[PDB]
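Shown next as structure tokens: one chain only, the form deposited without the ligand.
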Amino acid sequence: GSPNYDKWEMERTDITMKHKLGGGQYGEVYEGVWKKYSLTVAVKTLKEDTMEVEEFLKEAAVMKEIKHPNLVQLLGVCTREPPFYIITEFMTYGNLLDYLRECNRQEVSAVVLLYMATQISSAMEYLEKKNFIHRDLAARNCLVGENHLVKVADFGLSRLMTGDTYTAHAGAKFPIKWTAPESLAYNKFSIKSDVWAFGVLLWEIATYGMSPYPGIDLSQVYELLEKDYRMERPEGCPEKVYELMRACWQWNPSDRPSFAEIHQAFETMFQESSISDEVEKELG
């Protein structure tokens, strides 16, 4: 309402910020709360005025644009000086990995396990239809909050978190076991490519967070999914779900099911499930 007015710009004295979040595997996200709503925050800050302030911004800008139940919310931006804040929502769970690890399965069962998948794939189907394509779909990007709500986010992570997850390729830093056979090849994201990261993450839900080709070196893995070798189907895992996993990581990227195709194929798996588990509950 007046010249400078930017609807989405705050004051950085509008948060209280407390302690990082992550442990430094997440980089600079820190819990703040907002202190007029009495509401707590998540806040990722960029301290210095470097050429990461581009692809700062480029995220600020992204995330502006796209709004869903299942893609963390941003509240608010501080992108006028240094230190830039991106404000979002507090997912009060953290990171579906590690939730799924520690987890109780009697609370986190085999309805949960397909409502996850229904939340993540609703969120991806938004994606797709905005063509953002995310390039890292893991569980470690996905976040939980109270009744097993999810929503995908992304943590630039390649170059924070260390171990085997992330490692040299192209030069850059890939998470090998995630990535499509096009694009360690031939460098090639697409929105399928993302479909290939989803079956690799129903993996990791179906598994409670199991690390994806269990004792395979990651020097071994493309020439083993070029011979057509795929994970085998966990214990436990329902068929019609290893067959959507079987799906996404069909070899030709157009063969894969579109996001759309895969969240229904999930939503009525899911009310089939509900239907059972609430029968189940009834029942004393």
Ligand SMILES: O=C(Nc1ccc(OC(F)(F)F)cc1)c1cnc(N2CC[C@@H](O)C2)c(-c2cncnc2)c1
Second form
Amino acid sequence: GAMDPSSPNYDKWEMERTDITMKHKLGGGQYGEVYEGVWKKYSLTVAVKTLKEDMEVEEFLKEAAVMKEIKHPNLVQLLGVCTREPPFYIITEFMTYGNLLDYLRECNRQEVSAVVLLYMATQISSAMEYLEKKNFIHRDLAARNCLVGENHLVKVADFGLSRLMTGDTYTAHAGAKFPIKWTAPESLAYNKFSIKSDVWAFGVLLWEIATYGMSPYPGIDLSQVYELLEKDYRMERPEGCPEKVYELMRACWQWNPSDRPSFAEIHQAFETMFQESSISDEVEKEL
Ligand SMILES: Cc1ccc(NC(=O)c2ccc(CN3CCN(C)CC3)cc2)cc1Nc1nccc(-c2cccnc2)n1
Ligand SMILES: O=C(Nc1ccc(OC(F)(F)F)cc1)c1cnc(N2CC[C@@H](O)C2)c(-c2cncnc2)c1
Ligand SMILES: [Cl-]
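Would you mind giving the form deposited with the ligand bound, to go alongside the form deposited without the ligand above?
In what comes next, the whole complex appears, and the chain from above leads the way.
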């Protein structure tokens, strides 16, 4: 019996399907085959990713394998899998306040002050410093791919949104759907993805936080983004953004990937930046 520790077929991550009470599809279908679920014995709400009827079985099992290798307070936590027989499940913890992009756009601003936005950026930088140390690449870092929990807890996730999301967030490029405005120039021009191209996307994500979720490069056509960046254009400093924070965005957006800071340096910069000074005072001064 594969479920017993004695079994040489035992996998600690394999869970009993009957332990999960499957409820409705999450967020009106914005996540594809992801369902709200209840883990019986723990009376815990969970998020359950499944596969839609009938080659993507290998991508799904690869995601399950990657998730078993990663553990960080700011990375969505794997709780278990149902991969012995179809339908295949990936179970994670449910995050009360849902995705960060909608959260930023809908939040009460007296609550989600400059101090809270700084904490959210710092948490994301810690999750990314861990992925950098473990030699992983995210590939689609953005606010739409982060979740918000209790007490402004932020977790980085990866919802595989490219072929699910409606609108112009992701558009056709190199035979796939790219989020052009978050994509490092070497990723668009030379198909080069690395931790440094995640650094570039982090700079865009920082700008989303700094604007309460505004869409980047507003009013600029997607056909013009590469050319503008290649000619040294960069998004202007958001209104009220502290200069030290914008300096960090600009460092993320160096044309040469090798010139961008590592996530360890970005994380260290957030800790040091306001160790003595108040971000609240810097924002008030800027405004
Ligand atoms: C149910 C599930 C299944 C799998 C995943 N997976 C991930 O979030 C993830 C995170 C990091 C990696 C690391 N990886 C490194 C390699 N590169 C190329 C890709 C990323 C992989 C998968 C999340 C979830 N969780 C999830 N999914 C969709 C929506 C929600 C959700 C929505 C609202 C409230 N609470 C939770 N929660
Ligand atoms: O706090 C703010 N900015 C901030 C930036 C970085 C930062 O560091 C972190 F690391 F990124 F988190 C922390 C805070 C802030 C305050 N007031 C705003 N106001 C817009 C005009 C009035 O309404 C006040 C805006 C604004 C709103 N919409 C679009 N752009 C900017 C933003
Ligand atoms: Cl990887």
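Numbering follows the first chain given and starts at 1. The term rigid core refers to the most C-alpha atoms you can superpose between the two forms while keeping them within 1.5 Å.
Enquirer: At a 2 Å cut-off on C-alpha positions, does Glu272 qualify as shifted between the two forms after fitting the rigid core?
Expert: Passes the 2 Å threshold, so yes.
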